[PDB]
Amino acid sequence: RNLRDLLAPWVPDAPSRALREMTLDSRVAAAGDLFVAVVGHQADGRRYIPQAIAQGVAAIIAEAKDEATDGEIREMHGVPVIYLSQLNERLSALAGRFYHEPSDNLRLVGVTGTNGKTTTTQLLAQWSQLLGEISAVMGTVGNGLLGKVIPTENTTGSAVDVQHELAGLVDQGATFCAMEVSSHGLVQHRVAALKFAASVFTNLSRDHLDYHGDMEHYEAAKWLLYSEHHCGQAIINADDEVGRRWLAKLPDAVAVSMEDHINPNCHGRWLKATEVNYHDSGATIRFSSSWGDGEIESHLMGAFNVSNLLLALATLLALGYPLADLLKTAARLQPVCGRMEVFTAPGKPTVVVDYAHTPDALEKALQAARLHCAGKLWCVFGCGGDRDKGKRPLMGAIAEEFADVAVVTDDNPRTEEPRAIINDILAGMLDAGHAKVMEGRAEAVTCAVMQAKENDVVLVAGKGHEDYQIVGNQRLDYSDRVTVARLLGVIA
């Protein structure tokens, strides 16, 4: 890594310096590093140029605004300081070049939208890996090779971090990466120089866009951004209103629908579910497409996961993965752990474990579960103690309305009186007397599972993958998934 070669596309006469790492943070900037001094909200990195120099950085690249002209090479204490205009806009490209263009050394698929980003990302990574790739994910659940994702707990990734982490995955042997792209990330030019093989839009609609002008400006803002990016093949959910409008303007984009929103007259590429049977262990999805027709046995639950699966299918088809091989591997696609995760056993009720711990998520989960439920829908849940109490009666009302049997139990009561939490939940119900209350979560889960009929579905909500019950100050070892598996005579 040489400063001269790094800047060759932009600054021809740049000094030759060996460079170690690229950083925006003067605190971590060590000897031999390239320190990049940017201007943002409140913060001006050029402030810390002397500190970085004092810490022995090999070179600096700095926002030219007000202090210099574009491409201006200065020299401070023997260290090159090269100034670039609109440095925030160019940071992705700068870092891309520094890290040897990792997006040109694997197949990068970007996924954007409000809902289904995480799931669609995981399905892309899983499915590609089943077809022989070494797949990776980047997003909110974390970054890493499939099955080895390191959480992004409390770390906002800059344009440099994005390129760095992608290069990390390349180094680890990744040939495919499914990346969640946040609305904020796109606007802040954090993926500006990435060569996306495909861009997947789970939805383009947003709230607070009722005025024609606002909708107009939103669309224009986004369309502008996408015109500046290397998006590759566009795969767009046509069940979204904005999606459809965009599809009408994008003859090379792939239209994906499960609600009959494909318009055959355009002769574009398309994929649509023609019928779905939601059964006790997943969904049988019959589909037609410009690549051919087929039938997939998905082990994911609900209509939203049909959409997500179809988006991943359409994307991989667009990228040239053979339909036959995709069909042959579809049954091996699994849910994101504790996200509408189905557990079935011969002659037992179907049990779904989901993380849903808010009123909207609980409603969505129950609505999804209902589709697969020939008999009665059971809902086993509680609410966390020592947290906001407002959701409690709302979750009670939801359980009462969207389930047939509400089983109210404990869920991390912490230091709060467990029964007090339950009372708050019951308060929200029209007929609290119709709900079952059982304390001991394990006991409540058992109650539902052992009593529920063969054709019933039991939703166990609130924890998903979170393998503990916080009672008092103890993080006691407990798992909904393990409890359910044992009750069904299967393995979690």
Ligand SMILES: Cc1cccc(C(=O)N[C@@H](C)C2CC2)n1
Given for the second form:
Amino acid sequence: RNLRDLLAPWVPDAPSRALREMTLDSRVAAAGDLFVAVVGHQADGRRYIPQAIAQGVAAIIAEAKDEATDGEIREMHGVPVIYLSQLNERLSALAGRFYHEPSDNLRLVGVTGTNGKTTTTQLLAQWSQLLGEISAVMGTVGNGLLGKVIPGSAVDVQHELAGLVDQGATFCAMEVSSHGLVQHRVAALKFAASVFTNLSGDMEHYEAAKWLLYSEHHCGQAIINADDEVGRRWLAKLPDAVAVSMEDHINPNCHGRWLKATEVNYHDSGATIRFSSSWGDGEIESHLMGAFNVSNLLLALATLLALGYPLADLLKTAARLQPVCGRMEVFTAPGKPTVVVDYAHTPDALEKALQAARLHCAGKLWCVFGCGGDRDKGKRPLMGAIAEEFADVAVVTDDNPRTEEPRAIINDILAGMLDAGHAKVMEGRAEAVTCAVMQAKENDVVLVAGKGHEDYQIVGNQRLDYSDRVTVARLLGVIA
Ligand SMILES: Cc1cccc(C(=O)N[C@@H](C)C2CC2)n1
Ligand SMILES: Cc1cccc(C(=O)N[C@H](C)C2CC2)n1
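Shown: the form solved without this ligand; wanted: the form solved in complex with this ligand:
Below, the chain from earlier opens the complete complex, with every other chain and molecule after it.
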């Protein structure tokens, strides 16, 4: 890395100077670094140019606003300071060049929308890796090669993508937040494909702002959920986008690319999804639960088809796709009730989890759950009302009671019910889980909510070793 090569597209006359790393933080700007001095909300990095210089940086790139002209080269204490107008907008491009254009050196797929980003990215990364890629993810659960995901500016994004390319990644599925997009955090990334899952006067400016952003990015193949009203607006203006539906929203008159689920059977271990597409038809056995996960899987399928992965190979590998651990994670065993472990710990999340589970439930739906002690109490009766409404059997138990009296938490939950006497209460959590699993019938479904993959139960100030997954697995005679 050299300042002159780095800046060649923009600043013809920039001095040669070897560079080490790129940083926005004057506090970690080491000797040989490029410090980038950006102006944000209540922050002016140019204030810290003296400090960085004093810490021995090789060079500085700085916001030109009010201070200089675009491309102006100055020199302070023998250190080149190059000024650029609209530096926030350009930071992604600058960092891209610094880090050798990582998005041109793997297949990058970006997933945007309110929900489903995490699951859809995971599915993209898993399925592509099943077809021979070395895949990675960047998103809410962290960054890394699959299995090694470790728990944010335009520089950081490019740096992390370069790290992945360095570790041998050939495919990356990235969550792209609305906030990230607006703050130019992905501005110079070359997306192979861009996926839209869903959106949760005004409508004209919102739309306008997002269209403007779209027009400025390298989105690649566009893959859009046609079951969402906003998705259909995108599709109306993008004739080469791929429309995906599990209802009747594909308009066959447009002769565009499409994928639609024609029949879905939600069963005790997943969903059987029959589909047609402009690539051919097929049937997939998904091991994920609920309708929204059928949509997420279809989006991943359509994306991979769009990118040229063969339908036959995707079909042969689909049954290996797994849920994110502790997210609507299904446990079945021959002749036992189906048990779903989900992290749902809010009224809305609990409601969605119950509605998803219900689709797969021939019998009674059980819900085992509690609420955290020494935290806001407001959700407690709301979760009680939800469990009573959307399950057939509510089993109220403990969930990280901490220092709060466990039964007091349970009381708050029960207080939200129309008919609390119809709820079952069982303390200890392990005991409650066991109660549901051992009493439920073979065609029942038991949702164990609140913990997902979090393998502890906080009682007092002790983190006790405890896993919903392991509890369930042992009861069913399976392996967590
Ligand atoms: C770009 C494309 C490809 C295939 C089908 C379609 C499609 O059904 N569009 C619908 C949802 C129109 C109202 C927006 N659009
Ligand atoms: C991943 C990504 C990056 C940059 C822009 C975009 C974008 O405007 N996406 C739209 C929602 C398009 C329907 C797919 N998506």
